[PDB]
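Take a look at the letters that make up each chain.
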Amino acid sequence: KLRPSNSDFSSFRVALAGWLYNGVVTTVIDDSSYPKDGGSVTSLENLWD
Amino acid sequence: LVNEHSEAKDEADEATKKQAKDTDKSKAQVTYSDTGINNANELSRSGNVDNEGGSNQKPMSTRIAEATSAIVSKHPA
Amino acid sequence: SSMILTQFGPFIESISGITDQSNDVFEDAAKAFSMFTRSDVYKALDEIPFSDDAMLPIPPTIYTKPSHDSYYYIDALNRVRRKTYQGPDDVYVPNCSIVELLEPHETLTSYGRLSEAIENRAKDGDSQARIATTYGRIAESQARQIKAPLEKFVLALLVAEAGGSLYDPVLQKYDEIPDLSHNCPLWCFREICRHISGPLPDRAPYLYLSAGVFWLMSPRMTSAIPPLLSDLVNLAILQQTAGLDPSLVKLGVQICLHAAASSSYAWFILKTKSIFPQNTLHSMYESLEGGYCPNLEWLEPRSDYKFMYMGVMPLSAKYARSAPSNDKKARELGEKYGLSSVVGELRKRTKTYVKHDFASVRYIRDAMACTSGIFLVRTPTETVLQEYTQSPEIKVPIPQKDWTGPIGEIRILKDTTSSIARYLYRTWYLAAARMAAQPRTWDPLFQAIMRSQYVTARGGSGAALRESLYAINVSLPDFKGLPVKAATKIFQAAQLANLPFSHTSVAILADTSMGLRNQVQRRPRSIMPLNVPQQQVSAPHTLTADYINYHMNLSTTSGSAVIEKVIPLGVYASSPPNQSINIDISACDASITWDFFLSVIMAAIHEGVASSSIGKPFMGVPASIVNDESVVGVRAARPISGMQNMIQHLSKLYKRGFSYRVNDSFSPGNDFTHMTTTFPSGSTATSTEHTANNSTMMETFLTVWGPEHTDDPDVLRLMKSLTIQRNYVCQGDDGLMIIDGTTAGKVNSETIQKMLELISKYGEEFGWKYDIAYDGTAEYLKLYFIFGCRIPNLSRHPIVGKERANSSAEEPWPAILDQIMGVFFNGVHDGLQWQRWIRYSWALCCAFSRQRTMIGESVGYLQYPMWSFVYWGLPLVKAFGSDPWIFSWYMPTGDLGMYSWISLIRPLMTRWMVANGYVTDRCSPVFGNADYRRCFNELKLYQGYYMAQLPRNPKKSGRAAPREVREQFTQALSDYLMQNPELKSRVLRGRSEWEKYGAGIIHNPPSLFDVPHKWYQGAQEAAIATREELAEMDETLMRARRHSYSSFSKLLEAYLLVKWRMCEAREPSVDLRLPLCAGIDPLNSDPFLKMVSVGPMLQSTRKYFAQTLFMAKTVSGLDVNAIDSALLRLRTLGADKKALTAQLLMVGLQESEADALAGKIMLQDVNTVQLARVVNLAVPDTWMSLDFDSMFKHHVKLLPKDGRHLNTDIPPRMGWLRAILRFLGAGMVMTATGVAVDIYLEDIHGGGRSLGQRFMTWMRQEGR
RNA sequence: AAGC
RNA sequence: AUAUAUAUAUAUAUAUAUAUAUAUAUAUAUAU
RNA sequence: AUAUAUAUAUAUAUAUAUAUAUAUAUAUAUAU
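So the protein lines, in turn, are chains G, e and B. When the letters of the first sequence are read in order and numbered with the deposited numbering, they come out as residues 580 to 628. When the letters of the second sequence are read in order and numbered with the deposited numbering, they come out as residues 91 to 167. When the letters of the third sequence are read in order and numbered with the deposited numbering, they come out as residues 2 to 1265.
Check before you lean on any hint, since a few could be wrong.
[To be verified] Simulated pairs of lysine-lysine, PhoX-like, Cα-Cα distance not exceeding 25 angstroms:
| hint | chain 1 | residue 1 | chain 2 | residue 2 |
| --- | --- | --- | --- | --- |
| 1 | e | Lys117 | B | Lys762 |
| 2 | e | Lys115 | B | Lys402 |
| 3 | e | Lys107 | B | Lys1060 |
| 4 | e | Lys115 | B | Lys329 |
| 5 | B | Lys329 | B | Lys755 |
| 6 | B | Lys1051 | B | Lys957 |
| 7 | e | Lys111 | B | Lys396 |
| 8 | B | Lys349 | B | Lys330 |
| 9 | B | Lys1202 | B | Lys1060 |
| 10 | B | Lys783 | B | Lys148 |
| 11 | B | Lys957 | e | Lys107 |
[Said to hold, decoys possible] Label-pair ranges, simulated between beta-carbon atoms:
| hint | chain 1 | residue 1 | chain 2 | residue 2 | range |
| --- | --- | --- | --- | --- | --- |
| 12 | B | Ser288 | G | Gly618 | 29 to 39 angstroms |
| 13 | e | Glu156 | B | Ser761 | 31 to 41 angstroms |
| 14 | B | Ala1066 | G | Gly618 | 29 to 39 angstroms |
| 15 | e | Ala105 | B | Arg1103 | 50 to 60 angstroms |
| 16 | e | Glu94 | B | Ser392 | 30 to 40 angstroms |
| 17 | G | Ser611 | B | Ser288 | 47 to 57 angstroms |
| 18 | e | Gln147 | B | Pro714 | 25 to 35 angstroms |
| 19 | B | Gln754 | e | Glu94 | 50 to 60 angstroms |
| 20 | e | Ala105 | B | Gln754 | 18 to 28 angstroms |
| 21 | e | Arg135 | B | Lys783 | 36 to 46 angstroms |
| 22 | B | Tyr1105 | e | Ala105 | 53 to 63 angstroms |
| 23 | B | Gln754 | e | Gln147 | 28 to 38 angstroms |
Read the hints as simulated data drawn from the structure, not as lab findings. All residues carry an ideal CB built from backbone N, CA and C; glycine is no exception.
Please take these sequences and the hints and turn them into a complete structure.
Here it is in structure tokens:
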């Protein structure tokens, strides 16, 4: 789930950068990051999500 | 220059072989080695150890020569 | 290649899985095959564009060879002998030029035979002529050791490989076997043939015919060429069929070329036969990384050879190779013959493998397959003068002060003796005592069986018997005008029918004729064919040895067929941490003489029989009186039993020696008599006696001598931990020692080495040369195991080679088909790539399916349709529009396989048949509305099916013979067989009872009265056939082919009424990543899948089938299976127990146990395998190496999966159908390609009762 | 001549 | 078939240490 | 003093375990 091999972290820096411009930019978590179809506690993958 | 334990064992084996030869058989019926007795501590005289308890890694005369040659002085320049 | 594709477009496309097979295309290809010529085949060879990698130098030395004069000389006995230049063994055919001895053949001026004029001076008595003719005849014999002209095999290979790579239906890809452009052996073959032929327009270096061989007149022809060509063609076939690595094939070719360039090809091959084993198998896994080793367990009693499979154990560096390194020996051997390079690359390649997987075993198998496979040939005179001229070296003999006075010929051995012979004497003493006490020994039927055992249709040196009897003025009946061979032991028995033993006593001291057999990678073997009285008097020896082998030791009785041996023993012994020791006795027969062995065994047997046998005759031999001198001073007389009389006479014979008669057909003026002490090889007591002495000596070493001759405590502990009943298995001169791995790993190799030295020393003082191998590998009966994986030896199944030892011409045409099918099955067992092998087998079957015949201006062609081969067990490729490569050669033979493949493809067959206009209106239970009755006739399928069952050998029966002489022969045979009146009365009672009750139910009741007729027929069939019998063959086959049929046999029609239902696959039997048989790997899908789905047969077959019969042994001439089938037929058809009693009485069983067994059989329930024999259903020979029993029991469900159906009901008293239908299910499941599948019965068209009635009808009607 |  | 993300496999490249055997020198026994 | 066998020191040669990184293609999934 974490995929450590990936080497892109623009999201992390952008999250910090957004703090200065709270008044015009609203940073939210993309909906694709949420558990699929609401998920369930019976699924390990959903738990990790 | 062998370990005294080792020479004791080898020397017993030699005796067993000589006994076998005397009896004119492939085996010696009477053996001095591989008996039931655990004679592990048995020692035998060897040329490995001098009279001082030191090792004979170097001959005694050689030690004397090296010791006495470290003090000699020669004619002045 | 253009003409190849032009001629065989349709055939290649059919047999390569592109188009449906058909009879007409097959026959067209057969005609094309028949229409080629030799030079045409070579011109076809010229068109292959060989690549650079297939290039290698050829030394010029092969073509230029000296004359044969310096290699022969004449001894002081005026006998031609071979001059030896390389040592005592350089007695094989030298490599010399021949062309200067050839007379040109008429109409074939380019070819010729040995000069007839030289033959004339040879028969006159000239020396040089005799030398020349000996050389010529022996060269011809060496060149005649093939099955058929090599051009047939080469052309068939070309046709098969013209189809390109094959598509794998399981792997869903294409194989990557390199094409002919990388086949080095073919390039070498073409180049050498072209260089020999040169400018002359004919290309064949020689011509192989039935009458012999004709040589091409070239100044570069050499006697060594034919074997070289045979080896090259074998290697070329093997590389293309089994996907061998070309690098190793090049090394094999190099070895062959070096052999050719030497002074003697055969001698060179013999001296260098072990490079590949010693460099790959015996030096394997020096550094080990990983892999799997099977976990097997040896249960109790170990006498039962019961092993059970557990699983896999990961390997580790702890179990690397630990045997002594053989690098120095291998390098020395390679240097001594100038092959140090080949050894270098072999070792370098071997070091590269660190894991135990499919790859390593495949590499080992490929390396072993590259050894030459010729039949070594040498003149009989040198064989006799080399093999019978060595004697045992009894380094420590029995003291002369340890014997008693003589009892006739024997001499009793004292018990105070310091020699080790005392234990041998005691063992044979107890063996004889236990043997003689068995009541079955005195049963007349047992003695009759033993008497009949050695009465066979094979030679017995009857002539020497004849003058030996004439030496005392006794005249035997001549049987003038009998169309049978007088040179058979049946003829000897007929002539010896009514003579007293006192009259035939002198016959044992007669001479012995000659007999030879050639082997692969082994010197030719000689045989002494003992005559009838000798076989009769040799009985007690055989009985005692049989008792020892049966009870007091571990000893097998399996044959040389790979299926019947004990694979579990080898696989268990090779697997770590167990270690194996390979022990063989060099020149075993020559090492057993009167000096040490015979003088003890004979005395022991004679003494250990007197009590349980006093005053009784035996085998026709009566009691007698002998002088007694055992005790000092007192010299008296003593009665002895019949066995003791035989022992006295046999002791006389053993003390004297043996008188071998030689008649060298390849050498004019080379015939004489040789006095020898070598133990005979042709007697019935050879193997059993050798095994018994092997076991006894091994036990004596392990118990007394060995413990008393070594002092190292580790060796003492090891030896005290070993016993023969637990660790040693012997058979003849071959033996195997198993060292069980300890709980701390495996036994230290140094201890094993010192023990081996002890055995080597111990063998010498009684003149036994122990050939001992300890290299981390297990070998038994020429089966090779490493780390629990068996390695098939391809080189010992030559594809083209055939053993011919005599000068007789070869066989008529149809016989070769049996050899071809045998080659196919040998390839099946050896585990070749199945698709390529099937394609190549089809090519050969096509190439040999046509034959010209002359019927007196009626010039016709004999042609076998493709279906006859299928009936003979060769699987199809693609037909009736079906998918290609859907059948497996685990297909059964005969009716079973036919039924199986029809059942698999019935619907497609019906749709195909309808779509082609073969439409009718009468709906059929099997084929619906298909007009099969005509399509099968025109497709010749009926014709092929029916002619595949005709006897393809000439039937010498029916020859004209006078009534008086024939009846005299028969009555003489019967009188010889029926000695004791009790047996005759038993048989008469049986006949009367059978007429009372069993008459009319079956038409062929086996009986002892039929043995003389069968013996006469067998003797008559042994004679040489003549031309009109061959014409009888031809007209019979034409009659069968031209006829039209309407149905198969009743049995097959009954079988087709049954249909099944396939289901989910089985469960894996073994781990998928464990190598078991080399080559059976994922690149060899179908065998691999069948093996992992069914599982290997983990129990020896001889013991398994020992319990599938009622009578263990019967009289020679009758078949136990026939008797069992008759009994079960009688029981099934409702005959009462008195009929079975009568039947048992005919075969001579005594009345009481006859009744007991009859009742028991009537009420008993029998096994599936035993019960299925009523309809001649036998387990396919290819299934023997698989666990078919469990699949019979728990994977052929006779109840439909969805529940009980109306038609699948078995009538209560017809339970044997339960046995039959299991075979049908087995055939259906095994024929299909892929994994084994659980199968359920589906429906029987007519219901169970109708099927039972049809089967009973067939059972009653057969035998008419 | 050509075994078990 | 095209594009993207995740993973397996082959090939090329790089280092240390140790042990075994052989040979030379010295000696004992037998032989010269 | 020399040769064969055995032992020690020294030198040379030979043999051997394990590990790490990137791209493409391929496989799986998504979109057309």
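Which of the listed hints are broken here? Hints 3, 4, 6, 11, 12, 13, 16, 19, 21 contradicted; others consistent.
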